[PDB]
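K.L.:
One letter stands for each residue in the lines below.
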Amino acid sequence: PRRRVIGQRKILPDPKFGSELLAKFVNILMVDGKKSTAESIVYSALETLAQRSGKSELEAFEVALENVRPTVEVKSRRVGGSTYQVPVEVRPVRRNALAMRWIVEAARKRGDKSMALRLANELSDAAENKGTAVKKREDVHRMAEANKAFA
Amino acid sequence: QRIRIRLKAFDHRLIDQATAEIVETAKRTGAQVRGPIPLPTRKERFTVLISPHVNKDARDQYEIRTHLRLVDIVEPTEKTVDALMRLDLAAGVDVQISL
Amino acid sequence: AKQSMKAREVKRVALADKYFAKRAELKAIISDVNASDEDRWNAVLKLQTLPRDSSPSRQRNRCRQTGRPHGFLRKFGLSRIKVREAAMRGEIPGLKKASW
Amino acid sequence: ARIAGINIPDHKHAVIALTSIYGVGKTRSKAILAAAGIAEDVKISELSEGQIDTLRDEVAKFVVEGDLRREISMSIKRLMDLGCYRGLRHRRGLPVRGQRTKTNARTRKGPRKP
Amino acid sequence: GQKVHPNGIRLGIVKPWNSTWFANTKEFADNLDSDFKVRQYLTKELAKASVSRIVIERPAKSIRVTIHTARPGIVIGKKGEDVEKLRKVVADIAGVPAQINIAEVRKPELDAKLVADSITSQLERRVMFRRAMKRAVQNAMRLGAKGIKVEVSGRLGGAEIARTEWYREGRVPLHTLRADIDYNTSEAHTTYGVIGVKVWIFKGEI
Amino acid sequence: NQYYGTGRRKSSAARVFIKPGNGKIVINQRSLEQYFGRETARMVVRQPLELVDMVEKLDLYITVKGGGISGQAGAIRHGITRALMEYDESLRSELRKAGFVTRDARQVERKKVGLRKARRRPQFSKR
Amino acid sequence: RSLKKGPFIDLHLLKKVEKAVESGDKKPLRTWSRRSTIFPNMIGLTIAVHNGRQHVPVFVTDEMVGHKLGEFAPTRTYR
RNA sequence: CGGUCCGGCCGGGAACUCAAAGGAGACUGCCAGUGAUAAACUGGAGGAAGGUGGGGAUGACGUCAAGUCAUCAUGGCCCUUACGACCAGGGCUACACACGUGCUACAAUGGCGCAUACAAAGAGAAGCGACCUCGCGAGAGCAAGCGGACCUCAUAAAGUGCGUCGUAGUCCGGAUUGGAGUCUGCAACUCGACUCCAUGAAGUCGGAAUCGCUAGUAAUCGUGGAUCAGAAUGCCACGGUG
Ligand SMILES: [Mg+2]
Ligand SMILES: [Mg+2]
Ligand SMILES: [Mg+2]
Ligand SMILES: [Mg+2]
Ligand SMILES: [Mg+2]
Ligand SMILES: [Mg+2]
Ligand SMILES: [Mg+2]
Ligand SMILES: [Mg+2]
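Chains AG, AJ, AN, AM, AC, AI and AS are the protein sequences, given in the same order. Following PDB author numbering, the numbering of the first sequence begins with 2 at its first residue and continues without gaps. Following PDB author numbering, the numbering of the second sequence begins with 4 at its first residue and continues without gaps. Following PDB author numbering, the numbering of the third sequence begins with 2 at its first residue and continues without gaps. Following PDB author numbering, the numbering of the fourth sequence begins with 2 at its first residue and continues without gaps. Following PDB author numbering, the numbering of the fifth sequence begins with 2 at its first residue and continues without gaps. Following PDB author numbering, the numbering of the sixth sequence begins with 4 at its first residue and continues without gaps. Following PDB author numbering, the numbering of the seventh sequence begins with 3 at its first residue and continues without gaps.
Treat each hint with caution, since some may be false.
Partial list, derived from the structure: chain AN residues whose beta carbon lies under 10 Å from chain AJ [said to hold, decoys possible]: (1) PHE77; (2) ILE82; (3) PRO94; (4) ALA99.
Computed cross-link-like contacts, DSBU-like style, restricted to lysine-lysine with a CA-CA straight-line distance of at most 35 Å [unchecked claim]: (5) AM:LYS78 <-> AM:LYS114; (6) AC:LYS38 <-> AN:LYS3; (7) AN:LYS23 <-> AS:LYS7.
Calculated from the structure, these hints are not laboratory results. Heads up, the beta-carbon is just placed ideally off N, CA and C, and yes, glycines get one too.
Kindly produce the complete structure, drawing on both the sequences and the hints.
P.N.:
Structure follows, in structure tokens:
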């Protein structure tokens, strides 16, 4: 990325609802190149989330995602021997990618019986904004408002 | 019955040139000629250490390609059998006669 | 390798075809027949009296020019160094540097 | 529940409950339930006293618990008094089966000290 | 750094093999040792006979040795006097019957092995290495070589600190596989050690 | 006469035959559902029969050798599209836009000497 | 450890065990045969088994039967 | 298409998959924007492929008196009834420790049981060794085919379907050790691999610090080979998912 200016790989949509955003989500959850078992966990979590939150499977994901989605983040920069944290406005594409990544990571750090149950209860916590994933957006916010002078 | 000729050689532009001789000699002296059938090449690969001592990642990778040709001659005419028997083929080509 | 080490191999080949190729194989197949002699054979005892170097398993594959006991390749009867040297001179037929 | 060697097997499935006995692993537990005519996927609940004693009589055939413990200890002590390589290694608390001691022999040696 | 053998890398591209016979895994090792043993005999015997290349092919159960030489008269002898004595012992070494062919090397100053052996035999006569190299380069260039490179390594002139010295004239494109590069080695066994001679001769592309 | 199209991906090779009438799919003398246990692999072969309409319009006799689940399913997808252009040729424009005409040239990279895998370099140690 | 088809014993040592029974117990039997299996006809004898440098004398007991002679002769000195 | 033991299996068919020899094709060639009307870059069309399309081989003059006199060769030096040579047993496998490279884990994206779909690339006559039979098994006996697109190694495993365990040092994990064996080999004590039964360590995700990898890559999952009587978690190579 020094000289070469690359774009972004367009991935195939979700085989269930035709959503490109869900295809990014299944891939983020995916481990050891096991896509079959990765979408199985995402769909079982969405089936248990929509049923226990009042249908709208795509919309129930979006409510949980709107709360974890960050607006600003810090960028590490060493000017004169000292490391300054410069607050930078995150692009809409990465806004969703960070939101999805923290949901998967917070569900992995849970103590529930299954990953489908861990994911569903993490999306339920995010929809009401009271979990590990929403606190990661909260910590990122406190870090940005602090270094607001070096913007 | 049928005369099966199996040809083996390490050089490709020598096996199908010696095969061209067998096919032309048999079809000219009047015989039914099936093939030249190009059977799969057996690639024996060899990886050797390039340094006399130590330097494990530094290596030489070689291969020996064993080319296979099948020439089936249906008609065993005396004019064909005698013409193929007194044929001068490339010294580096192995010929297998199957009755 | 040493001249004596090369000589030790010649002795190991000479003894291998003398005994363990036409005589010791007959008493080893005999020490395996369940149908005949289950206690009184002495074949396991008479295999010991035969020279040690007569066993083919006692022979070591060495570079046919240098005598090197390591880096041997059965296809050429040579070690990796002498395989490369002959390969580069075009002395190994059909052999060239491969890529895929 | 109480089978042979004083131990009290839990209210889990029959095959895993029988493995609690020292001297009965996966194979013995499967063979014991097959000879007594009891299912492997059945719990201790419903398994009446008439089904427990028939398993107790079945498990009594092989040396288990304290009876097996002294049998293993006697064979270790036999090698030790014998003065063999195997016995000298049980006496020196080092790997008996031939394993390397230059590095990695921590199971037999115990945790390291500087 | 380290360079790829110029002859080895060009095998199949623009350079031919010195052994063209076919054999299975069974007799391949036995044939290769027999090839070494026949080359060893002939190189020793025809050392003064300017042998540049030896080609060995095996037609069925026979051996066909093609001795490339700049001096065919000394190799052949008095109406086949020397060919007969060589064939008789080549047949003994190989086991199978022998046939010896003699290929003439026209311009030996354009043959890498004959240039390398010439520099080597000169170094052993106590000739100056720079003179031996300059003459090899000049002779090849005047006879139509598109380029030439001659290297001499180790204890040059009997010096305690060994040096690697080289003379180059013309074009020597070692990276072009299409390029006819004739490369060969020779070792000068001097009173102060071994001096290695490496010769590269560019003859044109295709 | 049968409308034919060859399709391939990775080490897989699929042959596709088109005959009008019905919505039948026979893969290696087996059903579409019987052969592929994954619904994602079932949908990619249904993809060429979306832009170009078919419910009960044409039948397909297919056979595939080599590769794996997505390799075989990807190979058939390319074959149907080649058998569809064999039938009309004006369907090219719709097939290009979706990216089904393109043979996916992505093959597994060779293991290299001194490397653990094709690119995975063994762990470096400074001291 | 070995196939049940005959335990192993060296002929030179086997004949030395036979000569020690009929002629009566002598001084330690000097043998390098560490590979030989201990037979019941050895119980009571003193077999001087090599360790690489010296011949370790071992008094053969009933429990030593089946084991190898080299098990009672330590090869490496560790202190 | 004709005939069915429903097996390409047999007549046949040379269509297709494939095999392997020859040939075409991609050059910023076309269009548009940017750019000194240049080089070039960016985007688009067509195209299987687009800007060295992917991967490899290929390593300039030289640098480090860098590595190798133990592959071999070789100047000088040194031993030459010994620094040579033969043999048996031992050692290279020792074990208070320290570091480097790996394998297997700590589990439900998982363990186990049954059922089941899809590879690629190799090896083979002093060899690969089917089927049948015996043994829980490693194996053993008997014995076809095949110097091989024919026969054999050889059932790919991940995956999918159903059932079970239900966050527990556990139906996780397998170390260690006891008992009994299998095979190769004159010979498995030191010091082989594998099986059966029993045992069930540490480990519940690793401090400071640190490594690889930019796409069919990483990650994960099996498969083969060289060496080799036997002895792979190493190395070399192969495809699956991704
Ligand atoms: Mg010597
Ligand atoms: Mg050996
Ligand atoms: Mg137990
Ligand atoms: Mg081609
Ligand atoms: Mg280049
Ligand atoms: Mg130095
Ligand atoms: Mg387990
Ligand atoms: Mg890169």
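K.L.:
Now look at each hint and say whether the structure bears it out.
P.N.:
Here's how the hints hold up against the structure:
1. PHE77: 9 Å, holds
2. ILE82: This hint holds: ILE82 (chain AN) lies near chain AJ, its Cβ roughly 6 Å from the closest one there, short of 10 Å.
3. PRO94: 6 Å, holds
4. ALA99: Constraint on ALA99 (chain AN) satisfied, holds at 4 Å.
5. AM:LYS78 <-> AM:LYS114: 28 Å, holds
6. AC:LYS38 <-> AN:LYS3: Judged against 35 Å, a Cα distance of about 20 Å means the pair holds.
7. AN:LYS23 <-> AS:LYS7: The hint holds at about 23 Å.
Comparing the model with each earlier hint shows no violations; every hint is respected.
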